[PDB]
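**Q** Single-letter residue listing:
4 protein chains.
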Amino acid sequence: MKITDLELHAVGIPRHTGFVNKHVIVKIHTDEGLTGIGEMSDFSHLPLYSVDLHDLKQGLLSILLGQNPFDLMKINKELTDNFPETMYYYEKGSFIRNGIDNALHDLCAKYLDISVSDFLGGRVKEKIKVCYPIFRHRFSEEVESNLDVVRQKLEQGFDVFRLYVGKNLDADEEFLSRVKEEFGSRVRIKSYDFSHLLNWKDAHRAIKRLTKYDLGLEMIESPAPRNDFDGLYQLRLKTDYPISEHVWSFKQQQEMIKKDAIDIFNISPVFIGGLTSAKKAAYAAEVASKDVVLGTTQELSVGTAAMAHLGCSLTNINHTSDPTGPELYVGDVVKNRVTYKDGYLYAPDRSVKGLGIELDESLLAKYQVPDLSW
Amino acid sequence: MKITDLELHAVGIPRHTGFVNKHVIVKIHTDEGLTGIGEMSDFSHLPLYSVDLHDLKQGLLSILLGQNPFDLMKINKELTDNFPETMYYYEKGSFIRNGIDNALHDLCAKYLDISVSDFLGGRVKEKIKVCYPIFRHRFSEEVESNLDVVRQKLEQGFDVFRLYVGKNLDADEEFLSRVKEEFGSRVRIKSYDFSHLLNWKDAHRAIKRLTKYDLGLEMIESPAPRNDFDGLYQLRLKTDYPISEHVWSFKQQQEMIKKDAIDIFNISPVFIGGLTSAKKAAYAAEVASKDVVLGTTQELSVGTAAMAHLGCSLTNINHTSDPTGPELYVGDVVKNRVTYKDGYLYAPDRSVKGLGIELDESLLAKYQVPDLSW
Amino acid sequence: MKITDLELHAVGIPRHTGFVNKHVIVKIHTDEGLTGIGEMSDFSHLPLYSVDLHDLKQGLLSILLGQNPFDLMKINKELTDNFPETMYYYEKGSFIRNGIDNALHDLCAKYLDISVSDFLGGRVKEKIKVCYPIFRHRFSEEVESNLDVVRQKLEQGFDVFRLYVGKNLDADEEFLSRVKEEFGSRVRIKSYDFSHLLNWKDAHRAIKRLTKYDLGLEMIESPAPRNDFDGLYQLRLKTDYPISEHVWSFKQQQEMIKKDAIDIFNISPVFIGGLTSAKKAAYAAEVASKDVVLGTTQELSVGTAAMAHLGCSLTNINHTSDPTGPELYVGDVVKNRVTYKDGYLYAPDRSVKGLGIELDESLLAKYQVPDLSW
Amino acid sequence: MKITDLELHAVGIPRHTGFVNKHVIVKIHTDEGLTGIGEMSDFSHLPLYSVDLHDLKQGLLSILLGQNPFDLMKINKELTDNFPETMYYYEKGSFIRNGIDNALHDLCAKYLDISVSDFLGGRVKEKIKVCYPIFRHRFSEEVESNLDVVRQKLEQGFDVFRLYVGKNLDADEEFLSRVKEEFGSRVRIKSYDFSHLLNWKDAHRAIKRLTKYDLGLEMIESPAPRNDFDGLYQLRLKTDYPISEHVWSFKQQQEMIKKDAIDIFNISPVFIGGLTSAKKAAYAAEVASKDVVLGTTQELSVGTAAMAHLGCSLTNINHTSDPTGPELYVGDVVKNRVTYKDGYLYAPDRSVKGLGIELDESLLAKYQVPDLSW
Ligand SMILES: [Mg+2]
Ligand SMILES: [Mg+2]
Ligand SMILES: [Mg+2]
Ligand SMILES: [Mg+2]
Ligand SMILES: [Mg+2]
Ligand SMILES: [Mg+2]
Ligand SMILES: [Mg+2]
Ligand SMILES: [Mg+2]
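Protein chains in written order, with full-length UniProt numbering: chain U, 1 to 374; chain W, 1 to 374; chain H, 1 to 374; chain P, 1 to 374.
Treat the hints as calculated values from the structure; they're not laboratory data. You can trust all of the hints, since none of them are fake.
Treat identical chains as interchangeable: a pair holds within one or across any two.
Calculated cross-link-like contacts (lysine to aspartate or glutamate; reagent style EDC-like; alpha-carbon spacing at most 16 Å):
#: 1; residue 1: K180; residue 2: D214
#: 2; residue 1: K251; residue 2: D230
#: 3; residue 1: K92; residue 2: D52
#: 4; residue 1: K125; residue 2: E78
#: 5; residue 1: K127; residue 2: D71
#: 6; residue 1: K201; residue 2: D260
Put together the whole structure using the sequences plus the hints.
**A** Here it is as structure tokens:
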């Protein structure tokens with residue numbers, strides 16, 4: 001059983017807001033005709049340079065050609081050797097490794113005629129609670145528009161949201177006051193996300209006035225600069241609420257564990273390099289008796305499905321997660337877009353082998369983009 | 001696909017030394033006729049009390065009956081809920097969980113018609129280097145006998161050994177001097193194992209005189225009392241050689257990681273509760289950029305095979321391991337025992353489904369024992 | 001003067017709630033006809049396995065046979081060698097050592113024709129204040145039932161209780177509000193016990209809202225996971241109230257002392273291995289200028305009497321203790337069940353030699369159980 | 001059973017060197033005619049003031065009169081309340097409490113018709129290894145004289161000595177060189193005692209040149225100023241050999257434990273206030289997994305016997321102790337002095353009740369002194 005070819009399809013699916021994110025859909029072919037599909041989700045992040053996909057395909061074929069897809073540990077070591085972890089949130093090498101490793105999981109599962117769920121340790125639950133994002137306000141003039149978003153997603157079933165804060169605290173505060181006023185307990189904002197834009201002391205001040213509003217608040221995310229482990233720790237000690245942070249490299253995670261800097265590890269395959277790497281991160285968290293939540297970069301259906309299977313196999317997810325990427329796009333490239341019901345992401349049909357998602361050649365062709373250029 | 005019955009066979013296989021260790025061979029049956037086999041290896045350790053196997057079978061059936069063997073994460077959480085980690089090296093609950101989880105791996109692999117190796121992440125190598133143990137001297141009068149053991153195992157291919165030290169340093173020293181003298185570089189003693197019997201400062205003194213002899217020395221193991229994390233750390237700082245310690249609970253491992261107390265994590269399924277738990281421990285080590293070696297409690301072929309598959313799937317095993325249990329027994333309960341050659345333990349033929357080991361009913365009957373009584 | 005035989009009687013005494021706890025009553029016979037009695041209190045705790053009493057009797061006879069009961073230090077070292085401390089709250093080896101050491105105290109005292117009190121250092125007081133437990137609420141619907149419990153025990157003299165909290169804070173809060181309302185200062189809740197189910201930060205949040213009600217509150221017990229010494233310390237620093245924790249091993253106690261992690265050491269013979277071990281723990285606490293309280297696992301009269309003698313001999317017990325085990329059972333196996341008056345546990349009659357409690361063969365036969373099976 | 005009177009006899013027994021040390025022999029009488037004897041050993045230490053024995057007798061009678069001698073915990077708390085621990089090596093209050101508590105142990109044991117050994121926890125061994133002291137050299141001219149002392153005590157059975165060092169390192173070095181030369185391995189110097197006269201760094205330098213000679217060296221004692229816990233710790237880290245220090249108060253011991261400042265706790269009843277306090281110190285050491293040795297202030301037979309019983313009841317004495325006080329005096333006030341054989345102190349005949357030592361009125365009369373004046 002061996003890998004014989006690889007395909008990288010660049011696609012651009014516009015968000016309802018108009019901005020077009022670029023993704024790379026992965027196909028790994030074998031000698032027995034089985035093909036695994038994966039997704040190098042959202043390349044549209046800084047740094048402001050783009051990867052040559054023709055060159056990339058050659059490099060990856062050099063790595064995978066002739067290999068046994070079941071040698072996940074071996075292949076992942078080789079992938080990491082060529083695309084080293086960078087300690088940077090949006091390292092493009094992580095997105096690349098992610099697409100390949102996830103496609104490998106789909107491939108192996110298909111070969112074994114089982115769901116990716118059964119290749120990941122089975123089911124602990126059938127679905128995980130997720131939230132819809134409300135992006136940070138810059139002016140109080142945006143509050144009204146965001147209240148409309150909340151009302152709309154709420155009727156569609158999303159009763160939990162996460163709010164990006166830090167730019168305009170007066171606006172953040174107005175929004176929260178308005179939601180509490182109009183929706184009462186009908187809606188919950190499980191997280192106030194600072195996205196690393198404030199130093200911990202400024203975050204503490206913000207946290208102090210924002211938490212005046214507690215609508216089912218579960219965590220404060222990224223309340224310190226990237227990799228400021230000591231700052232996270234100090235803030236963790238002054239904050240009643242759990243502190244969460246994204247995991248972007250094992251080195252970074254190792255340091256936050258050693259220092260007991262955070263309470264919840266926000267893990268997402270795309271940022272750590274795939275399902276294999278995400279499981280390791282999740283297990284490291286488990287060994288350290290720490291909670292986990294699934295994060296997101298706004299992936300499409302194929303990338304979101306990966307997390308659906310992973311999330312339903314973990315025993316240490318006790319809070320609301322973030323993967324609602326499909327909700328932000330006008331379309332996708334699959335035959336069956338992932339489904340959200342009552343603010344929940346369900347694991348794909350367990351009787352369907354592989355990832356449980358199927359690509360649609362017509363859509364792949366429709367959203368096709370020449371390259372990943374900016 | 002569900003579990004329908006469970007069998008626990010207590011057996012007593014005498015060591016070449018005469019002492020009879022007791023083990024419990026596990027069989028997990030399903031509705032489709034597939035059966036997984038496992039081993040609750042060596043119950044003959046303190047505390048000086050024994051488990052009622054009739055009661056145990058009922059308790060475990062209560063847990064497993066009707067479950068889908070592929071729900072490893074779910075089942076393991078339930079197993080840990082009923083047999084909590086104890087922070088004690090020889091917690092019998094660990095041996096119990098181990099036998100069940102390993103049998104589940106064999107069961108799932110058989111169902112999928114693949115080797116346990118392919119269910120664990122594939123192969124990184126086809127074999128791992130192991131060592132044969134030379135137990136601690138009490139009197140210098142024992143040195144000669146142990147030199148005979150070294151000469152015998154060496155001609156059988158074992159060129160690497162581990163030496164238990166700490167009781168009689170003069171005897172330890174004579175042995176090492178004699179081996180260096182007679183065998184030169186033909187033999188290596190990869191570890192000096194104190195087995196937690198000395199406080200770190202006394203170990204440091206011992207390490208100082210013993211390391212005068214360096215025959216391919218790779219590590220100093222358990223040079224401090226059980227759970228003395230601070231002592232291990234201090235000793236790690238004063239010792240040039242890597243410090244290794246057995247992993248017996250996630251809490252203990254978490255603390256040694258946070259404190260950077262050791263250099264090599266000695267992991268063995270039996271002491272941590274099975275393959276699922278051992279993989280998590282191995283991955284936590286990997287995430288922390290720490291080395292791993294496979295340890296042992298002197299298991300039989302079924303338990304040793306588990307480590308053979310695990311060991312060949314890990315990318316962070318860069319030292320010699322310890323599983324040579326079968327070499328200490330006069331027999332086993334399998335059709336074909338594990339295979340050693342030139343001091344290496346080979347992972348069973350990847351073409352064979354399951355664990356690649358098969359029970360022998362007549363041998364099971366032959367070594368059968370009524371209970372686990374002392 | 002030597003030990004000639006040993007007897008282990010397994011018994012099951014149902015609680016008023018119906019659940020039947022199993023205990024093992026101990027009898028140690030000598031060559032001079034004197035017999036010491038002890039109690040391996042409440043074996044009904046996880047792990048979910050049970051000890052073979054036939055095997056256990058053989059192992060213990062192997063240890064005790066022919067020994068001089070007055071060699072307590074020697075015998076206890078040997079007991080600990082065979083039943084090592086585990087760092088786990090409910091290590092069955094502790095229960096076993098406890099029953100033997102306590103029976104030895106009874107035996108020696110009888111031989112000397114003095115009360116166990118006079119063998120333990122005499123009297124500092126004649127009784128110690130204790131409290132009755134109110135188990136944790138899961139639903140607010142249980143509050144009424146627990147208020148009835150409080151009213152009933154209060155009229156029987158128990159004006160002090162301990163409350164298990166952490167599962168449903170809204171329910172915990174309602175209960176406390178209701179008691180303050182109905183009983184005012186007539187009743188005191190000396191402790192809010194989290195039983196290690198919350199990580200320290202979540203406990204801190206709970207402590208913050210629960211302590212809004214202070215009905216003679218004396219301590220916050222186990223507000224962190226088992227063995228989370230650093231967490232206890234951090235919480236100790238953020239909490240005005242004393243922090244208490246159970247002592248289950250010398251290693252654990254040593255760490256909480258070194259780190260100044262807690263304010264009150266909750267000591268109970270059953271969890272530390274007997275009177276000899278409990279005295280050492282109490283004295284270590286004294287040397288460290290730390291307060292002590294006697295804890296419980298809900299023992300019967302024989303086990304409770306042990307604590308009555310111990311408690312009245314210590315000079316560092318300045319808070320309310322927990323041993324009201326007999327109050328939860330429908331019966332016992334003694335001729336004289338322990339005395340509770342005005343919420344106080346009195347030390348047995350000092351003029352009666354030994355423990356001051358006598359077994360009742362008829363009751364022993366009535367509550368006899370064939371084994372410790374689950 | 002109650003205390004009815006107390007007697008304090010001041011005595012002066014000259015050392016073979018001529019200097020006359022003063023001690024106070026204690027007698028505690030009861031209503032049943034039983035009398036306990038104790039010893040307030042060696043009052044001849046700074047500070048340069050002396051205690052009024054007439055006043056002291058009144059103060060102690062005020063405390064003890066009418067009390068039940070078996071109330072050791074109660075009486076000791078009261079003794080400590082009136083003679084608080086001082087954190088100073090030679091606090092006279094400790095000597096005072098010691099004499100009373102030890103007399104109480106003798107009294108209780110006599111009442112029960114058992115050996116003090118059986119009142120202290122029994123026997124673990126029948127004797128403990130001790131050493132003879134060689135006082136510090138000031139001039140190299142003293143070396144010869146001390147070699148004569150070694151040769152003399154060696155033929156009498158004392159093959160182990162302790163050497164006081166620090167004043168003249170050249171002399172210390174010559175002595176050690178001369179002993180190694182003349183006696184070879186016939187003699188051992190188990191400890192180099194600095195007696196707190198050097199700051200830790202100067203001690204380290206001394207330790208470096210003195211340990212060039214290792215004649216069965218077991219420990220380095222008091223290598224730092226009194227109560228310099230941090231200095232002891234730092235030195236403990238730079239020294240291969242165990243570091244030992246005398247225990248003179250629970251506060252001091254608590255700090256050395258918390259800081260892990262030493263390896264061996266040198267405990268002596270006289271410096272800590274008696275058998276009751278010495279046992280607590282020994283147990284605190286045990287709970288902390290630390291080794292213990294019995295120290296000395298050069299007591300007579302009654303005080304030395306106390307340690308003989310204590311020493312043979314402890315399980316954590318794994319090194320040579322120091323009580324050879326009787327060997328330095330020309331006489332005593334007992335009918336039969338303690339027994340040494342081959343460098344061991346034997347616990348008095350266990351079949352003899354009480355301390356196993358009896359006073360000689362004739363000797364008491366001939367050695368009596370008017371007071372404790374300097
Ligand atoms: Mg975020
Ligand atoms: Mg993105
Ligand atoms: Mg080992
Ligand atoms: Mg073993
Ligand atoms: Mg409690
Ligand atoms: Mg209990
Ligand atoms: Mg000294
Ligand atoms: Mg003196």
